[PDB]
Amino acid sequence: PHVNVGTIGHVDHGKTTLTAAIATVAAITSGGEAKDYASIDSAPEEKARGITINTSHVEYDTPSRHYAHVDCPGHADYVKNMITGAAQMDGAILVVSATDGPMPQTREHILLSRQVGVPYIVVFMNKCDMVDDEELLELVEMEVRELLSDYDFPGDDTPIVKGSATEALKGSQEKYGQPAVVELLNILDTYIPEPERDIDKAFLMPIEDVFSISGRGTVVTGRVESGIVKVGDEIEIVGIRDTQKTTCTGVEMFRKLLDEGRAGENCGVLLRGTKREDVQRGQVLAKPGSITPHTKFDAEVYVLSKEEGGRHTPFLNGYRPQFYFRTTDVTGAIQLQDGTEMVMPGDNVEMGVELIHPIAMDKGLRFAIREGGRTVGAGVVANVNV
Amino acid sequence: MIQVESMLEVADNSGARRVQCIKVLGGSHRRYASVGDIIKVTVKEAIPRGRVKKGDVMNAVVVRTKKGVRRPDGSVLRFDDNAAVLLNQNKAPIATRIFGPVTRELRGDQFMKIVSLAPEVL
Amino acid sequence: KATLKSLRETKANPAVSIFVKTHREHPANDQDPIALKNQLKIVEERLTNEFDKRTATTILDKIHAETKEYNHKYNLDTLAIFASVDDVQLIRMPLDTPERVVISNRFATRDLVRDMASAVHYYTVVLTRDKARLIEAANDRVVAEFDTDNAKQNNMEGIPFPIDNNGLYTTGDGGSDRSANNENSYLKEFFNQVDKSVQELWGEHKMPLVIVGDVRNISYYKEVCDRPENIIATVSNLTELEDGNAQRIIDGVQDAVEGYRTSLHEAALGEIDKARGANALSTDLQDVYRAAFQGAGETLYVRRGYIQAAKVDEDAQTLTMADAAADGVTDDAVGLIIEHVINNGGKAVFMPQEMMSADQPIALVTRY
RNA sequence: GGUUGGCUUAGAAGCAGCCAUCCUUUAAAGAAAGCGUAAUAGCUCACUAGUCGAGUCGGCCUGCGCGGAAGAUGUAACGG
RNA sequence: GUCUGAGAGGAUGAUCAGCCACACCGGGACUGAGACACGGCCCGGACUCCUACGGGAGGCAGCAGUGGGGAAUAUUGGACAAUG
Ligand SMILES: Nc1nc2c(ncn2[C@@H]2O[C@H](COP(=O)(O)OP(=O)(O)O)[C@@H](O)[C@H]2O)c(=O)[nH]1
Ligand SMILES: [Mg+2]
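Order-wise, the sequence lines are chains A, B and C. For the first sequence, the residue numbers in the working numbering are 137 to 522. For the second sequence, the residue numbers in the working numbering are 78 to 199. For the third sequence, the residue numbers in the working numbering are -6 to 361.
The reader is advised that the hints may include incorrect statements.
[What the hints assert, rightly or not] Pairs of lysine-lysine residues, derived as DSBU-like cross-links and limited to a Cα-Cα distance of at most 30 Å, are as follows:
{"no.": "1", "chain 1": "A", "residue 1": "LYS432", "chain 2": "C", "residue 2": "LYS304"}
{"no.": "2", "chain 1": "A", "residue 1": "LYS392", "chain 2": "B", "residue 2": "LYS190"}
{"no.": "3", "chain 1": "C", "residue 1": "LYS30", "chain 2": "C", "residue 2": "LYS4"}
{"no.": "4", "chain 1": "A", "residue 1": "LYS183", "chain 2": "C", "residue 2": "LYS267"}
{"no.": "5", "chain 1": "A", "residue 1": "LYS432", "chain 2": "A", "residue 2": "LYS337"}
{"no.": "6", "chain 1": "A", "residue 1": "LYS392", "chain 2": "A", "residue 2": "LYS337"}
{"no.": "7", "chain 1": "C", "residue 1": "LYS189", "chain 2": "C", "residue 2": "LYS124"}
{"no.": "8", "chain 1": "C", "residue 1": "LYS215", "chain 2": "C", "residue 2": "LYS199"}
{"no.": "9", "chain 1": "C", "residue 1": "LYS66", "chain 2": "C", "residue 2": "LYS14"}
{"no.": "10", "chain 1": "B", "residue 1": "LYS121", "chain 2": "B", "residue 2": "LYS131"}
{"no.": "11", "chain 1": "C", "residue 1": "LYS55", "chain 2": "C", "residue 2": "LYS14"}
{"no.": "12", "chain 1": "C", "residue 1": "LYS267", "chain 2": "A", "residue 2": "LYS442"}
{"no.": "13", "chain 1": "C", "residue 1": "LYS14", "chain 2": "C", "residue 2": "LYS34"}
{"no.": "14", "chain 1": "C", "residue 1": "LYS4", "chain 2": "C", "residue 2": "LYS46"}
{"no.": "15", "chain 1": "C", "residue 1": "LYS340", "chain 2": "A", "residue 2": "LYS442"}
Note that these hints are calculated values from the structure, not bench results.
Generate coordinates for the entire structure from the input sequences, incorporating the hints supplied.
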């Protein structure tokens, strides 16, 4: 199996050093590779979807499953990676320095994980080799537990493991080194449940092109991004218009029928009864009741600074840009909260959005904010309202 | 061997009946167009209520010539008419049916739907 | 007071602007009195609801005294009424605007601004094989004709207009009899001299020029012109080039003058793209309002006929969308943008509907 | 340092433009000779002190030179 | 026959019944008591489809139904229990 993980926390707390530590320790039994610190600290920059991110993509595997490990060399890089969702992390290794643990970077990182929808956080504290005492370590543990509880995370039942990344790289068998990274791997292999597959999720398929075939009905094309669609499956059309019922009467690709339409492939699907003008690009096909349309929602929005292309001017309440949801752009009006009138570029906060017409969304969906074709920010849905 | 002011039969389902070469494309003083060569034509006779009106100026590809096309073994391959297939503004076939045979010099990437729809590909 | 720069000056409260669609000929102009009265009804009911009956029934009588004596057969494209207490101005303009009533502090002069922005001042060079004329024109009318009593010709060193082609071959004197076939070179050098006179007059006032004549005449002129980048259009199908009136030629160049005005709007698309790529272009309505209000607006690009009502308060500079335009909002929120951009030394360009997108109807090139 | 001189201007903060050239800590520092900014910001300069140590700086006139200086049969504008 | 009209007339020819003609378009016949044959043959054609490019297949104006056209007209039902 495959799982995506990453180290979050305050700068200088040893996230990169710890990532190298797991790399080298997983290199035992050749599962990983002895990884140099500098190579991973030199994260390449990719300007994907008009957004530039420094991310170091570390990879390694265990007898349990393979891990995709994510590291960023700065707070802006971490925020961009979470919100643009280059690789959704279903598990986060909160790196806490044994001294000065709960810094504001960790403060905002935990909240960002909560908003973007990271389901599980595993706490690891490093720099224990610089700390000779025990009761301040316990105080730091209590602080991080309380902070996790403060943002809907378990906290009390959150596994906390203690060690030192420098000792792990050195090779010392002292409990704060290799043994520490070894348990940390154990919690990674046990506490983190196996993530759901795309083909195992509920069926969903955004509609990109609407056809019609004589004798067959209405054909809508698009890449199925979850579940499976088969002839005889009851499906519903959700999006711009009000939800309509239909039934699958055929799945075809290149004018040839398929046994079923699986997630990840650009299959076309036939609809029963629906007309060529009763459905349009932007709507999605979903299992009945799996998703619902909404115009008002609250999202974690990162405003691109001018350095990423971005935008010269700040966001403000009443700004109404275009919002892009997987196949379509829709005008939404930015609605800030009390005490947020000005929203500086390069920052990230939670805003409410009111779309001009409903879009099939649910918590965790990601979208781009643009005007004139220039990306001015990225976002992720954190709550939907009616 | 098609040159300017030479009439060509239309070998596709485009509505044109006869076209006249008004330019041999691909060179400053290029004289002749054989099979596979792109020419500029004016449609001289068209079918009523068709895709192409009489008097349009557009692109065509030569698909068979009366002079003939040579093969590597030295053989020549001659036809009884000079025929063309009308093309798009980006030099792509606008045909859903091809009439008569075409030669195998149309193999490539841009004249593939002309070879697949041809009744016979020599 | 019937000008743009008196209506921008006057600050009444309330200041009523009424726009009525009228027609130039009969029987189309038969519904002009009805449309005028219909607009006066909505504005009279708006004033009695917004301020009071007394203000409504003094403003309405002030405009009724003016509109009582109205022919309605000499109507232009629109009838604009600018009214207040103790003042009513009645101007007919040749532009097409949608019927609206604007009640605000200002006098809703966005269409006057848009008509002043669509104003071409050019030269008309009239070429024949026999003579040459020069007409200086402002839009549809001629400013002058460059006669021998024009006085912009006083201190000239070239031949002044009208320029007779009195070359040696035209009269038969000199040499080089017809068999040498130098007629083309004689015409080319005569048009070179005509262009010398044109350039000597242009250097003093630098307007664009339209070239009018036969195809071969204007082509010979384009061969020979010393500054061929100042030419905007050539018109070869104009008639009566020697005896014709100066106005008559100006009439025949109108299609070319409008084609040039359309080209000057297609060329603004590249300016908008340059602003967008330099991150100096604001397109949100609230963004454009803020930028224009704090003096950052360099050029405003407004789609033709784009009107929007919004709740504007400049103390906090928040332009929220209106609901019914009956709650105390500003009727023309985009006309307020146009006024602020003109106030802060900017330009407003009113872009036609087929070059500007319907969904992105406004675009402001900012100063930073 | 008063000080973003005053005015004007969307902005005019030494440096768009118009009217003065003031005072203070001074060894010295212009209500600024340039670059830069939308305006600020920022980098210089004038000026002063320090280091090194002997001549140096800029105008005027005169003579002879340099560039400005591209054509058609062949060098081809000292006859060679 | 139907509507109308006092009638004479006028208009009309859905559903029911009789007769006729047609069965993607043109032509020829075969077999048979009976056809120049709605879900048969042959040839030709237009269109649609399959193909390994050599070749092949098909005809809802039967009943459901689809796309399309339209102002507008229905179920992709059950049974041979009854009359045939
Ligand atoms: N002694 C000790 N030093 C550490 C440990 N982890 C990190 N460091 C030091 O802290 C520095 C910064 O940590 P780093 O991994 O770069 O943090 P990041 O850049 O935010 O991911 C590194 O260069 C290490 O030298 C640790 O566990 N023990
Ligand atoms: Mg790092």
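Going down the list of hints, with the structure as the test:
1. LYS432/A x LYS304/C: holds, 22 Å
2. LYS392/A x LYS190/B: holds, 19 Å
3. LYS30/C x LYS4/C: holds, 26 Å
4. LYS183/A x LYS267/C: Distance ~22 Å between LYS183/A and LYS267/C Cα, so the pair holds.
5. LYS432/A x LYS337/A: It holds: about 25 Å lies between the C-alpha atoms, which stays within 30 Å.
6. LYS392/A x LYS337/A: holds, 26 Å
7. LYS189/C x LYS124/C: holds, 14 Å
8. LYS215/C x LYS199/C: Given pair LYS215/C, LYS199/C holds - Cα atoms ~18 Å apart, limit 30 Å.
9. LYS66/C x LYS14/C: Measuring from Cα to Cα gives roughly 13 Å; hence the hint holds.
10. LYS121/B x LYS131/B: holds, 6 Å
11. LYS55/C x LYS14/C: holds, 21 Å
12. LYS267/C x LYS442/A: holds, 16 Å
13. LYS14/C x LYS34/C: holds, 15 Å
14. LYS4/C x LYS46/C: holds, 21 Å
15. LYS340/C x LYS442/A: The hint holds at about 27 Å.
Violation of the numbered hints given earlier is absent; every hint is satisfied by the structure.
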